Amino acid sequence: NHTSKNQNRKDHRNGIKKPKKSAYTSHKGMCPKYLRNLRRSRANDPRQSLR
Amino acid sequence: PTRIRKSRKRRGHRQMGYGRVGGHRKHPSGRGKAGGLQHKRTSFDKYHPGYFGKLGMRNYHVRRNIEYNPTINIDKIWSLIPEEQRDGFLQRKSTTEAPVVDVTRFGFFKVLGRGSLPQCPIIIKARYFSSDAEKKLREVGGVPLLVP
Amino acid sequence: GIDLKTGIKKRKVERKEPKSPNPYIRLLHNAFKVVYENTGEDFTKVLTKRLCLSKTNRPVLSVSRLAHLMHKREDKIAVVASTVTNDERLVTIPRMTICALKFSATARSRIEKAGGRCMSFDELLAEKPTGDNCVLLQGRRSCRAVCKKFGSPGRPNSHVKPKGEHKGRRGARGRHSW
Amino acid sequence: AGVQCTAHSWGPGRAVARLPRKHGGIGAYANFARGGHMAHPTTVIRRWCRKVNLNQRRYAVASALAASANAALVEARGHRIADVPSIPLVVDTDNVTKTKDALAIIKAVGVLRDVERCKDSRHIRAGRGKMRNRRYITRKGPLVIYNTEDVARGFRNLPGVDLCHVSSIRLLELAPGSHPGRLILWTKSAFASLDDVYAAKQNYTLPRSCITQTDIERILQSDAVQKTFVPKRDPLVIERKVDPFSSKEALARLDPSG
Amino acid sequence: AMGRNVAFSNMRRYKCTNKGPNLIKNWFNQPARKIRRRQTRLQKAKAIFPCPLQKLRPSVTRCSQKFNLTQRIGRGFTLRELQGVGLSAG
Amino acid sequence: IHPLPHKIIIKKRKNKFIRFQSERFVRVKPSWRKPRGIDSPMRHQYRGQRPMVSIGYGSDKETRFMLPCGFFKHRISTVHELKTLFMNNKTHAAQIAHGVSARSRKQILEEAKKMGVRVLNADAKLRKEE
RNA sequence: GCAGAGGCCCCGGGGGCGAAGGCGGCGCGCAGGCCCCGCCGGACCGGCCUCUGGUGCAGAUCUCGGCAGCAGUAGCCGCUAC
RNA sequence: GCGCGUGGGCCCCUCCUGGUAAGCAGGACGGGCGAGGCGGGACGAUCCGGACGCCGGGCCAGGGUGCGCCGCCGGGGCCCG
RNA sequence: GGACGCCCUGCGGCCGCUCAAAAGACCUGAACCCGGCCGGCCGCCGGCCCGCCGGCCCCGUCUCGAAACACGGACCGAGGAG
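Protein sequences, first through last, are from chains X, L, A, U, S and P. According to the working numbering, the first sequence is numbered sequentially starting from 1. According to the working numbering, the second sequence is numbered sequentially starting from 1. According to the working numbering, the third sequence is numbered sequentially starting from 1. According to the working numbering, the fourth sequence is numbered sequentially starting from 1. According to the working numbering, the fifth sequence is numbered sequentially starting from 1. According to the working numbering, the sixth sequence is numbered sequentially starting from 1.
For the record, the hints were derived by calculation from the structure and aren't laboratory data. Beta carbons: idealized from backbone N, C-alpha and C, even for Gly. Keep in mind that the hints are not guaranteed to be accurate.
[As the list claims (entries may be wrong)] Far from chain A, some chain L residues (derived; all Cβ distances over 12 Å): (1) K6; (2) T96; (3) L146.
[Unchecked claim] Examples of chain L residues toward chain S, derived with CB under 8 Å: (4) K33; (5) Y47; (6) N65; (7) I66; (8) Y68; (9) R105.
Modelling step: build the complete structure from the supplied sequences, incorporating the hints.
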């Protein structure tokens, strides 16, 4: 009953989809200390988006 | 319009769009939302979060009229004032003749602040005022008066 | 027989013409297509496509957004393929030249009260088929509630609200719930 | 219907198909059985009416009156309008109570040929509708819009002609057959009241005027549009392959030294 | 559609569809009802030709903090109000 | 009365396609129906089966709808209609409609001779008077 | 392609100078199908545009009605008989 | 984004487990049939070729070329198929 | 709603009559099926003058797989299911 024949042909029908650009550069799982300091550096001089 | 329908086009094909190996039979997945904790758990978990269980305190009767509290943002207060009157008010300014808008009379009980009021001073009358709303109108030189 | 199923990736489908029964929209599309067939200006090809799109892919742009977007350039003529709508929040409205497919009557009145003409695409073809001093603008396409319900509400990385009342605790309160 | 009888499937083993059969053994109670209920019986629960927004109804009624003005729309619909002086036909007719008086009006304003197309168009219908109290069909003719001019009695028995107070123009009348363009003989009160009737509509504002294919063609031919046009690159020459090696002139195009 | 993302329907199952009291109420008599009420109204008007069909009713604040601002028509004038004008109830 | 010159009319299939098993049973009428069986010899298109309807059998666009005389066909049921059909028409011919009575056909033929539009069925229903 | 509905069919669509229907024969269409001719028949019927649906059958131990071959076949062998 | 069918599969290779072993029972890369006409393998859903609009030429795969039954001869070796 | 005459042992037949028509116990009168007379030797598809060569298993249906010693199907008409 168990069988995986035709699984690879089915996967390669239009597959090998890459993960996505947001995934490669993300703030997920990163060191919380790194994230906090990054926000302070951004919040000054040109990068600051604060009004 | 029956003529322009998928079923009419599929006449002449036997199974009528329902398959050979599996055929249209009466309720072969059960009737209604049934088996959501058993056979259909996959779908109910995937698209229906919080369907099963009890989550809150119970009010045996709910009195909608008292739980009704309509709110208006600080951005639309000037919009309520008619345009002919409003256009002169902004140029004239004037502490003595500052516009009084009873948002309660328009139909809203609490003033929240989502936007920015125009600088000409305005007196708003409402049952309640959010703290940010009180601060913004106070910055525009307006008064947050209460109404009975 | 030839192997055409290796490096060929199938045929995509796109809206070549509007499906709108409105003959004036259909006429403008043919006109802006005819102009771009002659002079290949990007603005004219893009307008032809935006006229073709569906209501869902043609979101409204209010006078408030147009004011912010054209703040840098008063001279440039704004172009919106969707209807323009009034902002009751924007008590004072700038002077703008806007070619829209349709204007809400309140918006048309306010823009012209501020001294700015409410142009139409028929007027745009007559004055600037080229699009000199013209900016094409679009409404936030994902403004519809339908666009925030799309997805599977229930998987951990969802950020999508459940579709319907719900009113129970399994999954509703954390991944550890369930 | 078909449920009034008592039938029970005889059952397996009797060499008969398992469909409800009566005492005698007569097939009953099935869409395929003679005397059986239809598989999905028609019911009056169906939605026989479709809702329309007021604005959309008004837009249609207005564009239908507007269609009457277009000279060709009337001729396209099938009215005979060659002798008609103007469209819209505005005729000052005082109260008319006699068909002969109305006929003279219609003859003297160019509509007799349309009335005669209707009179000489009456025939028996082509279906069970003849039997179903719909035996005779005539060709549709002018619509006289009357305001306070009591011309209704005079024009009622005229063949193919219909009457409608400016208070209630009817879109099924304005466009018979969902094809707009009906000759309308306006009484003079009806025209003078049209700006009133169409303003008494709460704050309904008439749909703003648009463009036409000719007014898109004139616009297209304008000097500015033509000036923008840049001629394209000259196209490609295809020329189906013939063997180059065989002929001296043919080989010389590709190998002149050869 | 077949499963996928569908909010669950809160329409109750039809009861007494084949047998029992008629739970379907059709409205094809609605236009005829309009003519009937006008005809009854016209007949009643003639019976009291000088008198208005509707009696005077009082302005009354609509109930609840939701509609407390507006006023509607009530069943009858209070005895105190009639006393203020000087009219006995009868 | 004489058609414009045109190109040779080539018909890809001379004989009408007939439905599978038409010969075996009267109930199966000759009208073509697509082969639909799971194990139909016809759907498979095995050797010795009847031919299958394909767009390929299509007539050349210029010869499609053209009748053997070289003119095409536009039916006429009245004289007014015939004047409209022939107006600016050197590529068409008119078959009088079957319904048209013997009395009316005389009017159509006499007008056609003036108009110059060919009539395919000019000899139909000709038997003097009542 | 069917059956109704709203229109149109440029002097107001086709019909006892023969409608629908039936039977054979052409022609057109890749085909669904259409058209015309001859004959019967004896009063109704359409083409296009818009609308509607109880809208297309080789089967379902399908329903009902007709009826074939088997087949001038099996058989008409109780009660003594004319 | 919106659905549909499907969720009994089976063969040919190649490596397998297992059973003494099968047109056996389970696995896997690929392909095939399923759902692929056509030619060949006498015959065979899967083998060898070829994977299909309707056709008129030409070319020629795989398999063959006494006669059925289209199409072959030449040379060397072998010989109670 | 059938004049007459002819015959018939008689039945009944025959002519014809009435009527626009037998429409004659009844409008049209299909398919199946059958009888005469005439014409052939014959299922289909293709080539051809036309009886020769070549190719053709019985459909539907479940099924991994049906010509199957799987199942349903005498024949024809009408009705018959998103």
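### Query
Measuring from the C-beta of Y68 (chain L) to each C-beta in chain S, is the shortest one below 8 Å?
holds (5 Å)
### Message
Min Cβ distance, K33 (chain L) to chain S: is it shorter than 8 Å?
### Response
holds (6 Å)
#### Entry: Nearest-CB test (12 Å) between chain A and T96 (chain L)
holds (21 Å)
### Message
Holds or violated: the hint that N65 (chain L) contacts chain S, with Cβ atoms closer than 8 Å.
### Response
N65 (chain L) check passes; min Cβ-Cβ to chain S is 4 Å, inside 8 Å.
### Query
Far enough from chain A: is every CB of that chain over 12 Å from the CB of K6 (chain L)?
holds (19 Å)
### Query
Are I66 (chain L) and chain S close enough, Cβ to Cβ, to be under 8 Å, as the hint says?
holds (7 Å)
### Task
Please settle this one: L146 (chain L) was flagged as non-interface, so is its CB more than 12 Å from every CB on chain A?
Holds, since 24 Å exceeds 12 Å.
### Task
Hold the hint about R105 (chain L) up to the distance rule: shortest CB distance to chain S must be less than 8 Å.
holds (6 Å)
### Query
How about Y47 (chain L): closest beta carbon in chain S under 8 Å, or not?
It holds, given that the least Cβ distance between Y47 (chain L) and chain S is near 5 Å, below 8 Å.
Every hint, counting from the list given before, is met by this structure.
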